[PDB]
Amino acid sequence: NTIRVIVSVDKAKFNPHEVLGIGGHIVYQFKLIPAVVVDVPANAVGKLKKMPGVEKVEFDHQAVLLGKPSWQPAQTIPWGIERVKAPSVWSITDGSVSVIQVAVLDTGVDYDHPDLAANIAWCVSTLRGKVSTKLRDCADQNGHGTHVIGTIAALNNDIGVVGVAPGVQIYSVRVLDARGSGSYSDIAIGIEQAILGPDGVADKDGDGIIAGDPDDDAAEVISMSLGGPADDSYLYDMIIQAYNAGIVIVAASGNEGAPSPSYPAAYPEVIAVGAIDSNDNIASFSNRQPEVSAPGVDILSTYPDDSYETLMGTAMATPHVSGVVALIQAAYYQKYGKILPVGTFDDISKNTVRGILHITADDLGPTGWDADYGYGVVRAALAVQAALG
């Protein structure tokens, strides 16, 4: 009965052979942070902590999906896509700018869904600490991933639905199992994979440009429709690698009606996303103090197997924002041959992605940022306009 823990280490002194020596093993060595996921006897963690080079031993917490199913063959435009004013942007860009990819860390994807396939660029899985690019492993066993993905990127054609950014390339990174449950360790490995991309190297040409570099295959957005209450240092360390790579990170605020967002949404470097309904009210389940809000009730999208389904949750709101991000970056790159900086929470200018989102958002409720809606409901068209402005 080994348990899985995540060790933060000093690479000069940590000796993995010591871990094998007490009956453990290394499951995954992070490429971008100094840490290793290890399996070891519970009764032997006492020892691990004492080994040379072991700075911290964190247990493997759990996060869960933040969407649930709610209780025409020709294409429907789901109401939320219209709410966030995406279709008007498509004349400028549908997100099909070659350097732009959106990584969706979720339950996997129905990679061959006729309304998604053309936009699935890379389908990968990190479950149990093993990185697999086998399609069987990257397929969705829950449906939630396929639905989230569809809200970002379902194709604009004569069937099904249509995403916020219906031409954007998607990386499906499976970090959640069939029940929508995920280990923090897998989720961290998944954020790492979104950075590394298909070629396995963060900055291949070593110019210090990752996101926005056409010579690399890093994602530009990481979208996490999932959350947990634990705040673990190695996971935050990974979020910072991604942020430092120029990648915009977006995550669901959570659904317990709690006064603040779950993790990773609650990190400063992450855009926490709250849920509204078709009446512009905040849903009661929506965790407070989000950064922005978006449609998250009665959301129709793609679902396995080659089907459609209506779900609800902050998980559903999240992809609407990620899709807006993808339109911003795509239109800005299309015009300027570069992307914009990610920005911070406080940001109120047009020179960062986050500043654009905050200043163009539809400010419902009490004037300015407020604990229900954040800065407001994201608006694609106005955002792209500020971007190109």
Second form
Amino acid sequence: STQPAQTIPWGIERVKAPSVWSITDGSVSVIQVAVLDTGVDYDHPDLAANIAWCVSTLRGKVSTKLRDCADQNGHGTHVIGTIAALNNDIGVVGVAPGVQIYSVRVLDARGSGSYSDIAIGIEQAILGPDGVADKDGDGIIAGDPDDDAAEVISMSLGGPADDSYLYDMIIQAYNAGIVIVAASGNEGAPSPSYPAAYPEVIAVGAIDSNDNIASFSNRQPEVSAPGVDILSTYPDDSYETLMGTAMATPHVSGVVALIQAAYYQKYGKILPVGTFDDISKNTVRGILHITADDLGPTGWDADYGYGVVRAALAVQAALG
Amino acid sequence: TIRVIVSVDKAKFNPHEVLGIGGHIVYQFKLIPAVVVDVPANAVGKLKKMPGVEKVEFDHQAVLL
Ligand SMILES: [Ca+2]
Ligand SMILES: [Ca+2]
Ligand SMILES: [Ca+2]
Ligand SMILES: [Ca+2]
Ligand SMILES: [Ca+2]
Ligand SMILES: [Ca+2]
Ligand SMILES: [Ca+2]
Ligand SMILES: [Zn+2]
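Given the form solved without the partner chain above, produce the structure of the same protein in the form solved in complex with the partner chain.
Up next: the whole complex, starting with the chain shown before.
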């Protein structure tokens, strides 16, 4: 079937991505976004050019075979398209439509995943294709052009358990300089699921096209983003509309990719990750917080977090 | 068997330690001092007391959101 003519989904517009693309579409050589999910439809015409690495960690076995890394569910393909669908004549367009993606398959065809597989996936995003975290020994991993580590790890998934080996891996990612982004969860709970709940991870809640928080969105997130009626890529070489904090997550990861790409383009370095409390323009998370559209009551609140991410303003903050 | 994840002091642990209790090694992490192991459910308490073992944790589940 003939591909449909390109449209910009409402959520891409909401997070103020299109005005950034004249500065960068995310296609800065050193920047990769690792999406830990159900895999990817790696030949999708609106994704293929941005799929830089395709791997699987299912059952505790690292595989780089296309057959093993391919998406048997659809969710990963959707998430990836929100971040990085190509700006061209077909389909949709991602927040960062030129960013390299590492698709790391940690969830099976059912969309279920073991924590062990997820932790292996995070390890793989740090190690990159070359199997080595920090080749030159300088302590610089994310943002080091000699290494192939991802700069963003995006986890549109969650569970109730807090395990120390998993947290240890999250800590390794953080110390590598990797911004970690995760869905808050879809149970209408008072706080985010794991790994979103870790201090080193940006928890993302979901808003609808009326700027209301989705009723399912777990509360006390760090930021929020479009997560209801989200059109994106879907297998096979097609498109689908979904809801969930899994759909909000990639919008944030895309914004981070734009920030880091723009910052590297200008300065030849990346910004530090930052912390939940940061309200400066000196870290990624600080920039996300200060530029977010503060919905609901003034200030951080349990529904929106700091607010709805806005790529245009974030990138200006980064480059200012 | 069940699948668990063992945290260790790498300098005080050798993965062969777990074989005598029916364990087998699934994955040795490169970036954290831990190993994913398949073992008899009855042997979990045994792992906890092995040289270099700091913690044994169950393999939990996450789902797509
Ligand atoms: Ca395909
Ligand atoms: Ca497109
Ligand atoms: Ca590497
Ligand atoms: Ca390095
Ligand atoms: Ca270096
Ligand atoms: Ca990189
Ligand atoms: Ca607010
Ligand atoms: Zn086994």
